[PDB]
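*Asks:* So the chains spell out like this:
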Amino acid sequence: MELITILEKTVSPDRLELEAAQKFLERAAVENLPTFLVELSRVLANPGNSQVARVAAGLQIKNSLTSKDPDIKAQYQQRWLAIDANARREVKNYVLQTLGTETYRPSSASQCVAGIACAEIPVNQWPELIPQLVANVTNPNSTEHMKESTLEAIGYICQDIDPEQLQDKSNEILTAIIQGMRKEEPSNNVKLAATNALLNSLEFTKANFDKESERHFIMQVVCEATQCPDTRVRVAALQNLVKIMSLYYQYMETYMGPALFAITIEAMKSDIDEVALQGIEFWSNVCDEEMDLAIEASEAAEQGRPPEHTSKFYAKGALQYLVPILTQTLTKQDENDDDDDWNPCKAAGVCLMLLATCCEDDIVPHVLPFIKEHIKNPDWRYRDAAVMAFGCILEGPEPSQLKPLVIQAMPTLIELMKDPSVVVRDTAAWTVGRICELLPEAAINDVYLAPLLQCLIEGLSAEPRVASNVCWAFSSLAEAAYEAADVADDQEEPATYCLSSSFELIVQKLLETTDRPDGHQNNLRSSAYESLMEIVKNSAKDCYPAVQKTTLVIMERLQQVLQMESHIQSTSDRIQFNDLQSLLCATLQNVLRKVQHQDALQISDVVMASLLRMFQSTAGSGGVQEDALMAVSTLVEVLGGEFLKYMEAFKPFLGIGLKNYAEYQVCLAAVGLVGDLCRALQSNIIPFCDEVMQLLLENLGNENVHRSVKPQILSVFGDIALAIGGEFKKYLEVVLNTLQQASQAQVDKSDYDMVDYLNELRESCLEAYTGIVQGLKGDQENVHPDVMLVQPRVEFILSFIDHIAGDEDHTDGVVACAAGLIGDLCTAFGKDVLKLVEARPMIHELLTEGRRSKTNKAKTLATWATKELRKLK
Amino acid sequence: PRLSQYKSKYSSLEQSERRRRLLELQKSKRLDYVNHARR
Numbered sequence: 001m002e003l004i005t006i007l008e009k010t011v012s013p014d015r016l017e018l019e020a021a022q023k024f025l026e027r028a029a030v031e032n033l034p035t036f037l038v039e040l041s042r043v044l045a046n047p048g049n050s051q052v053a054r055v056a057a058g059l060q061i062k063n064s065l066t067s068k069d070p071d072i073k074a075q076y077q078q079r080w081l082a083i084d085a086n087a088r089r090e091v092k093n094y095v096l097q098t099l100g101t102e103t104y105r106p107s108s109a110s111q112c113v114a115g116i117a118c119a120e121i122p123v124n125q126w127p128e129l130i131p132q133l134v135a136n137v138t139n140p141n142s143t144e145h146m147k148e149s150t151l152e153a154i155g156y157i158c159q160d161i162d163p164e165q166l167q168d169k170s171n172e173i174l175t176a177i178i179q180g181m182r183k184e185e186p187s188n189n190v191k192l193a194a195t196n197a198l199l200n201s202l203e204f205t206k207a208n209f210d211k212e213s214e215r216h217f218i219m220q221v222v223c224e225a226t227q228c229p230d231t232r233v234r235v236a237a238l239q240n241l242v243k244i245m246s247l248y249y250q251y252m253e254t255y256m257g258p259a260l261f262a263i264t265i266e267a268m269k270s271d272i273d274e275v276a277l278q279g280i281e282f283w284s285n286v287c288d289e290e291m292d293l294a295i296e297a298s299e300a301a302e303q304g305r306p307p308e309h310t311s312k313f314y315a316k317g318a319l320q321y322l323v324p325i326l327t328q329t330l331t332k333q334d335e336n337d338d339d340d341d342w343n344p345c346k347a348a349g350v351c352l353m354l355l356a357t358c359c360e361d362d363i364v365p366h367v368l369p370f371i372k373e374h375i376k377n378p379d380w381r382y383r384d385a386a387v388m389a390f391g392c393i394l395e396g397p398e399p400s401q402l403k404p405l406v407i408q409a410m411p412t413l414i415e416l417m418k419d420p421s422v423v424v425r426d427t428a429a430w431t432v433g434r435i436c437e438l439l440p441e442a443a444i445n446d447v448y449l450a451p452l453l454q455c456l457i458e459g460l461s462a463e464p465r466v467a468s469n470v471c472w473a474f475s476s477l478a479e480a481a482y483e484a485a486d487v488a489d490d491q492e493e494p495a496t497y498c499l500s501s502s503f504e505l506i507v508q509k510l511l512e513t514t515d516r517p518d519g520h521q522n523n524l525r526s527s528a529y530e531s532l533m534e535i536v537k538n539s540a541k542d543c544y545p546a547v548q549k550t551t552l553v554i555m556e557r558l559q560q561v562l563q564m565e566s567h568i569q570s571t572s573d574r575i576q577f578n579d580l581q582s583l584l585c586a587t588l589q590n591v592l593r594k595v596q597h598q599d600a601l602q603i604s605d606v607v608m609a610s611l612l613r614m615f616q617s618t619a620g621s622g623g624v625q626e627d628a629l630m631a632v633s634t635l636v637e638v639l640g641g642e643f644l645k646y647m648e649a650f651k652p653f654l655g656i657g658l659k660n661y662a663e664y665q666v667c668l669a670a671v672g673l674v675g676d677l678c679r680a681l682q683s684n685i686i687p688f689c690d691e692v693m694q695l696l697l698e699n700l701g702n703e704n705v706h707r708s709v710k711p712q713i714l715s716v717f718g719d720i721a722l723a724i725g726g727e728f729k730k731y732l733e734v735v736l737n738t739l740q741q742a743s744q745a746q747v748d749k750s751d752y753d754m755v756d757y758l759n760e761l762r763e764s765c766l767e768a769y770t771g772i773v774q775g776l777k778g779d780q781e782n783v784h785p786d787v788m789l790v791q792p793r794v795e796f797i798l799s800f801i802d803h804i805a806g807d808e809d810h811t812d813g814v815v816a817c818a819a820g821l822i823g824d825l826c827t828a829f830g831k832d833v834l835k836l837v838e839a840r841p842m843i844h845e846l847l848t849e850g851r852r853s854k855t856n857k858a859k860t861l862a863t864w865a866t867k868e869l870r871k872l873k
Numbered sequence: 026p027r028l029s030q031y032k033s034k035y036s037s038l039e040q041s042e043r044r045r046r047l048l049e050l051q052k053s054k055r056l057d058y059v060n061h062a063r064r
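As you go down the protein sequences, you meet chains A and B in turn.
At position 683 of the first sequence (counting the first as 1) the number is 683 in the entry's author numbering, and the numbers step up by one without a gap.
At position 20 of the second sequence (counting the first as 1) the number is 45 in the entry's author numbering, and the numbers step up by one without a gap.
Hint data in this document are derived by calculation from the structure and do not stem from the laboratory.
Honestly, I wouldn't trust all of these hints.
Derived SDA-like pairs: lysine to any residue, alpha-carbon spacing no greater than 20 angstroms straight-line [stated by the list, open to error]:
1. B:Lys54 to A:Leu668
2. A:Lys710 to A:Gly726
3. A:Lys594 to B:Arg45
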């Protein structure tokens with residue numbers, strides 16, 4: 001048939017006739033991709049073909065270069081670069097013609113230009129691109145679409161490009177973008193598209209923004225865009241301001257007062273929601289920069305040098321202008337309130353909260369006057385703003401200013417939980433819970449506990465929005481009463497903390513709330529199963545009466561559920577019914593943990609039978625949902641030696657939980673599962689290790705797993721090492737491989753995306769060796785024997801340990817295990833092991849840091865690890 | 026955007042906090058058990 005025909009059948013409402021098109025298209029794309037792409041672009045450039053045939057042709061080209069999947073996206077680019085220049089240039093050529101010659105509102109060529117660009121930019125193989133793109137939009141004769149679709153192409157380029165690439169062409173790109181934003185530009189479309197482009201390009205503006213002349217030339221144009229009559233241009237401009245504020249804070253001195261302040265403040269007042277949002281968002285954002293700065297500064301001054309970046313406290317200087325607006329915005333509620341919606345009202349509230357947490361106590365004096373005037377206001381939209389605003393300033397200022405206010409505000413608050421306006425009772429619950437969460441001393445007043453506990457009981461059976469904030473209101477109360485009794489003075493979960501007196505009614509009332517008909521609304525049901533498991537943690541040791549019944553109550557619900565799922569129906573029966581169950585596989589975790597070793601036996605035998613009987617018909621049927629494993633990893637922490645009854649069923653079912661390589665979020669559990677097993681049998685698990693070997697380290701192939709996944713893979717070999725096994729000596733030579741590749745890995749921590757994990761594959765192998773050295777050496781070792789028999793690598797073991805402290809970044813987690821090793825590793829023996837520690841300078845730079853809390857108790861490792869180091873000289 | 030901060034509670038039911046509290050409990054039981062024979 002004809003290609004145009006096939007492309008035109010890709011949009012037919014006929015399923016099969018559509019199936020046939022997407023098949024013939026994948027056929028010609030396999031027999032010869034180049035010719036296929038060339039022919040496709042040849043259909044894209046020709047303005048004769050129907051609008052359909054061109055969009056389809058453009059969609060194919062796009063899908064052959066990029067993807068929402070990183071790995072696949074990286075391959076589709078290699079396939080492109082693999083194609084010769086003859087076919088490539090031709091495709092690139094036809095893509096350019098299409099620019100401006102389209103009518104399909106959104107340009108298809110744009111996504112193609114970027115798709116190919118992202119593949120030919122890093123290797124400098126599309127020289128015509130940049131100039132042609134800039135010239136296409138700088139030429140006065142360029143039609144509207146020509147200037148529009150060209151800027152949209154640059155936008156996509158800036159988005160999907162490797163950040164460390166568009167540095168060279170920042171100037172020329174920024175030129176084209178700016179020229180499209182100029183107030184002179186007639187087309188608001190070109191303006192809008194030009195502005196959206198700038199936003200994506202702010203990544204590599206950096207040299208460009210570092211020149212006052214250019215920086216100012218930018219800001220000047222960016223500000224005037226916020227004045228453009230077209231709303232889209234305004235928003236797109238204000239968004240830029242927000243990003244320039246976070247990124248380029250240093251150079252906001254000459255713009256804040258002289259310009260920015262007015263624009264942003266005015267934006268807040270604009271009754272055009274979309275605009276008001278960006279305004280409020282802009283100042284709430286600044287509250288996250290000057291916080292990050294005030295926290296970055298309170299460490300530079302503690303290390304003996306000025307901060308790299310210095311704050312200016314614009315949020316503080318604008319406080320008296322923001323509050324009056326933010327509070328007034330809290331008057332514009334949304335009667336029909338769907339908590340999936342975002343608006344100026346919600347944004348304003350969020351902002352005030354950040355302002356309180358940023359300005360510390362500078363906010364109290366400015367918010368109180370608003371509260372008094374409206375907490376008992378005749379209105380409802382105002383009266384709610386008072387209660388709301390109050391709960392928004394509870395965090396930030398010190399108790400030496402709030403507790404008094406909260407005390408005399410408590411009585412007023414309890415009664416408002418029965419106010420006619422449902423909204424008022426909604427905010428009321430959040431506020432009360434917001435109080436006991438951050439001010440337990442005021443929420444646990446001898447003459448308010450009973451009245452308060454009376455108010456929350458009635459709230460459990462109210463509307464979700466008002467009742468959901470009750471479950472949490474209880475949680476914080478339990479959380480507080482647990483540290484108002486353990487203040488203490490005693491070690492254990494006190495026999496009788498405050499709530500233990502009325503506790504019996506609460507737990508027997510949470511079972512009703514969680515089993516309400518209207519459970520899906522506002523996540524009330526979920527919040528009910530939640531407040532329960534949390535209320536249990538913060539229980540007392542004479543609260544054992546209900547914990548028993550409640551446990552069997554949960555079980556009776558659990559067993560019943562895991563029988564309809566052996567024979568599942570439709571979707572209103574799959575994830576639909578396992579919903580309540582999932583919440584149970586978390587309540588059981590918090591009851592099986594806090595219960596007597598006695599009861600947790602009859603339970604651990606009936607509960608286990610439920611988790612596995614359901615396992616024999618849920619795998620593989622959508623599951624395993626990775627929840628039964630969680631539960632199991634808590635039965636082991638309960639039994640220890642009584643995990644013998646089962647195990648065998650777990651042998652295959654846990655064996656498949658460790659084999660899944662597709663769900664890189666699931667295997668996570670089955671691994672830590674085996675970890676808890678080493679603390680169970682402890683003497684008979686060796687044969688259960690060969691699995692993880694070439695079935696988890698085999699997951700390292702290919703590399704489409706995840707950045708987070710890596711440590712647990714090996715970190716669970718250390719705990720396995722506690723069982724005589726002489727095969728840990730045969731993975732030692734593989735553990736010396738991973739921590740050796742993380743070093744070779746030039747993970748450029750230029751942005752805070754690479755660092756947040758960078759120092760994590762290190763804390764991994766550490767736990768490994770620790771377990772290895774231990775299991776292979778008892779207190780007294782008749783034959784040690786292989787401790788020093790890792791000598792040559794102990795170089796890197798202590799050099800990469802030094803390299804761990806070498807870089808200016810390594811979480812106290814890595815620091816912790818880094819310390820633990822040195823210690824007991826010197827216990828293996830001290831044979832020039834001290835002259836090997838004195839070998840590298842930055843070794844004590846870490847030990848000292850270790851001795852320097854934070855963290856609490858991590859520090860004790862590096863503080864004691866110096867004893868054995870001080871045992872020879 | 027900042028909707029997860031609109032009346033931010035402490036109801037750890039989302040994906041992350043479900044696995045971390047337990048994954049941190051295990052490391053606890055580790056540095057406890059593991060280092061029971063260490064010193």
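*Asks:* Hint by hint, say whether it matches the structure.
*Replies:* Hints, one by one, checked against the model:
{"no.": "1", "hint": "B:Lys54 to A:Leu668", "result": "holds, 17 angstroms"}
{"no.": "2", "hint": "A:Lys710 to A:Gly726", "result": "violated, 24 angstroms"}
{"no.": "3", "hint": "A:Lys594 to B:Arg45", "result": "holds, 18 angstroms"}
Checked against the numbered hints given earlier, this structure breaks only hint 2.
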